[PDB]
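Here's a solo chain for you in structure tokens, the form solved without the ligand.
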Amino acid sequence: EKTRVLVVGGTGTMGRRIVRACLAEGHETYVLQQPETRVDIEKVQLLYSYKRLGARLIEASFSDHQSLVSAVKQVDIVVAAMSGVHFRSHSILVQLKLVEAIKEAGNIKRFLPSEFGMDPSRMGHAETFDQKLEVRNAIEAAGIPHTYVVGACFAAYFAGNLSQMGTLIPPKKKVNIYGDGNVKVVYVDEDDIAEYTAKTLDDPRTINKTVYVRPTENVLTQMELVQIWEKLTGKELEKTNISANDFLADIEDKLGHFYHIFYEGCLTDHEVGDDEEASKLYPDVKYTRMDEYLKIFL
């Protein structure tokens, strides 16, 4: 009656939260560990800390198809979390090795690919979305049941820096505001994305569906967010409004993923049913409001 979950990418920013959420939810949790992590002091100490909490380590490589199928047949569900900072420009596409291994094994009840972000296929008029769309097309062709978890703006990347580029912590005097800071955004603590992911991966209501992560009180414009900050610090920030016009679309150096969120409005340009939204399907997840999220920075 307990679900066996394999987390692929268990040592990344988002991967490690999913490993810990799956353990906190009672899942028998398996963590893919590649051959090349036996020389990496922080990856070994990280992987073996999951073991202390009950996880299991299964070694396999992505280049080695039999070790991948040998790996996914020890589990019921596969979650991939393969984007950001310990990954590469194309390691989303490496999930096609996983889909081809999952189909050969036949036992997989669900596959949750690396999707935690803007819903691609809402992005036909803008590549990250093409790699994620190609991984979905392979999932669906192979007949693997899926959940896509989408719709979130990572708080460590857009909230803790007041949506400032160039930094991950609040600025001391200035803040650039995009447009009129009037575009609604969905700032979410990545731990909440991970907890929602671990509650949904075996919920029968979400099989072969998309699950939007939009906890209501954290739907917030950028100026509403920096006003949660200004209030906490008691200090009003100097605000340069940046117009849609001012367009780095040319050969300086970076994204313009920012333009999709803070100008297009594309995280909140589509109402969500309460049968498609994570805060509503899992109301027991006391998600982190952004006034509490930011307090750690004062």
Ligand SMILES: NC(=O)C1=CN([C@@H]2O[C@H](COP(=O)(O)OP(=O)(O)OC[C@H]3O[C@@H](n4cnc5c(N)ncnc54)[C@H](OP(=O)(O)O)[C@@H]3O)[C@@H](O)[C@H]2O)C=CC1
Contents of the next structure:
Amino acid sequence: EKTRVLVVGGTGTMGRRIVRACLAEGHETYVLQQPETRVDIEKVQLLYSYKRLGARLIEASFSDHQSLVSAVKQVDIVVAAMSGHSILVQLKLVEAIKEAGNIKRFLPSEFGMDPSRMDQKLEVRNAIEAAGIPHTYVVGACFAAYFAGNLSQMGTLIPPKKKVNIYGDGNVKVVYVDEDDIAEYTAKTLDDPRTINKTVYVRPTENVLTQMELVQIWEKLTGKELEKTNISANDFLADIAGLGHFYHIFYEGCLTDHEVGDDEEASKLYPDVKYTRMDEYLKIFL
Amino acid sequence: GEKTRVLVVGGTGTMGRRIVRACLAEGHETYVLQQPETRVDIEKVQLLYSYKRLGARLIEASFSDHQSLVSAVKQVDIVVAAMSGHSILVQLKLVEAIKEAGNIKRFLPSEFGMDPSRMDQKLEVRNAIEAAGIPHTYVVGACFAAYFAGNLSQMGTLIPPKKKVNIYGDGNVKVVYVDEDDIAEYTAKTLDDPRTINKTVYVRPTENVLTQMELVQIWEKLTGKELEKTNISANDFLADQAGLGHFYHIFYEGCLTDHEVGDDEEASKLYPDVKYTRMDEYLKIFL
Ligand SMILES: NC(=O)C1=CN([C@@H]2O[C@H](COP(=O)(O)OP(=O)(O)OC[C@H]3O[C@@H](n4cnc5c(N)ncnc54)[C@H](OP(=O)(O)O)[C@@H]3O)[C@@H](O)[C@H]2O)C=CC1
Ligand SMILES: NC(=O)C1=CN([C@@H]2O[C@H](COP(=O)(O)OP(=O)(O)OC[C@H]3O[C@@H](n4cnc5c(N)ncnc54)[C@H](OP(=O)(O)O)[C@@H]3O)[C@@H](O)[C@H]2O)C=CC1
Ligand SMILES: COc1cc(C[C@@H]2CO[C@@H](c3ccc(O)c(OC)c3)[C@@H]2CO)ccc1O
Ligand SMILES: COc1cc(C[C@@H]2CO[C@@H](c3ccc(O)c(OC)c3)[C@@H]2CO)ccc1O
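Here we have the form solved without the ligand; I need the corresponding form deposited with the ligand bound.
Then the entire complex follows, led off by the chain already shown.
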């Protein structure tokens, strides 16, 4: 009855939320348990905390091809959320899935900028498609913790107190999404017959905002005007890949420059998800 | 009387995060030290702000800014620190601040392990607390169950071994294994208990005083399988590196159990309503 899901990378930022979202959806949830690399107290405790919620642990190693095959044979769907070298370990996962033969869908570690735009992620896609593994690519949003809570400033995760850099004129549309919402959309789409072999864009409508609109949401919550320093494009390219990431998002507008139909956008596919709006998101910092 | 306001220092540490939640559970108005970011540290930031949803307040302060420590402690009645273990010695700056503010009714320094006065920068911190005249409680005497029980006291891992296990000496030295949650709850109960002002509190839940070989047997009965044991002489063990030695005092010298403690200084008796987790329940999560 339940879809059986294996979550790969279950102790990461996105992966842990995907574990929880799969359980909250009612999926029978399995989490890949990799051989310890270190005395890692919070890693181990996070993993075992999942059992208390009803998840099961499956031990396997990426260096052990047969242990991966044994793992994926126990589930119906695989979701990966590796850090993004670590993206490429999914190639081992693809061969294991291809050998196993029983996987109905694979969602690789995407959850960001679409890599098919004119990349290790694209190499994983090709292997998936070469093997004929049904897939769903979840893309198109900035994690609110990495880009909204710091008003998109680099090198920090919390609002600045007095000053703020604005990229260009800060009128390039961006997509700011609470990581919990991304995970819940992921749990809902992964067995949806409508999203088989599709790209799903996480673009909740009211969270499509320019940097300046984000800052102005904050300024209205606090009642304080920030001192703004506009940084021109070339002023931003003083760098001789993470500056590259910001440049594509805030200068090239790579998240919002192509329109998406309702049949491929998460908030339209799953309108019951009451996604967190950025004014609510930012309240925790007041 | 009223809440009793507590500032937790090291609030995103292993022990500190449990202490934050314990203080909220006990009904204290709970404040957490927000230190300036040293890096893009997503899980550290999310942990800190998760406390707000639970009713805690954050106070930004820096150890390198004496005036920010003063201001932070001036907003609370009690201070509890749980720094990793230099980390220890930064508490000296905190004592100077506590000294100047002059409103702190009690300070619990970062202890929660072997009593150093029976073996240290912890002792240095004690000396400063006492020289300054700051009322104190020292919480000592227990092995964290995550570091010593879930691995059956094996080094280099935190989960039960699959078939063989090392026995230190004869595995008949008494050790104290306690759930970190219980340590934190005892800490939140004791920090304003008049019976423990200016005392050492020993966390020694009676049913959790166990030999390594007893711990192993609890697990063998849970799994129904016996484990291949190999014993290891003190001298062998000591064949030449501070983690080792922590273990040696604990499992060879028996430093946690070689002295008696009285009920008016033992947490499980001071706080008998804390139904502490026994090791047979603790280990079940691993099955
Ligand atoms: N704004 C946005 O849209 C963002 C996009 N992303 C993307 O989301 C996806 C997940 O990112 P994130 O949550 O930050 O990932 P994490 O950095 O949190 O790592 C997650 C897990 O990946 C496993 N892992 C990492 N390296 C290796 C390795 N060499 N070998 C084996 N396993 C490894 C580990 O799994 P285990 O739990 O088993 O130990 C680790 O816990 C990525 O594709 C990333 O590009 C992430 C940041 C922001
Ligand atoms: N078996 C046992 O009984 C055990 C005993 N202990 C003892 O418990 C106490 C706390 O240990 P534990 O919870 O594991 O420690 P942690 O390593 O988990 O504590 C980390 C926190 O302490 C702060 N910290 C660390 N270094 C610094 C620094 N240079 N400057 C400022 N802050 C710093 C940070 O505070 P912030 O959150 O604000 O960023 C950090 O988050 C210690 O006294 C330890 O000796 C701990 C392990 C096992
Ligand atoms: C907030 O300050 C920073 C934030 C980051 C976040 C990095 C941002 O680019 C992020 C990212 C990676 C992959 C993506 O597909 C992605 O899509 C938005 C974003 C990185 C996530 O770790 C990097 C450097 C910083 O200084
Ligand atoms: C579980 O494997 C290890 C576990 C540790 C735990 C270290 C154990 O000695 C612990 C300790 C530190 C301070 C203490 O006061 C203490 O009292 C028991 C124990 C250390 C806590 O970080 C160290 C090395 C290991 O290989």
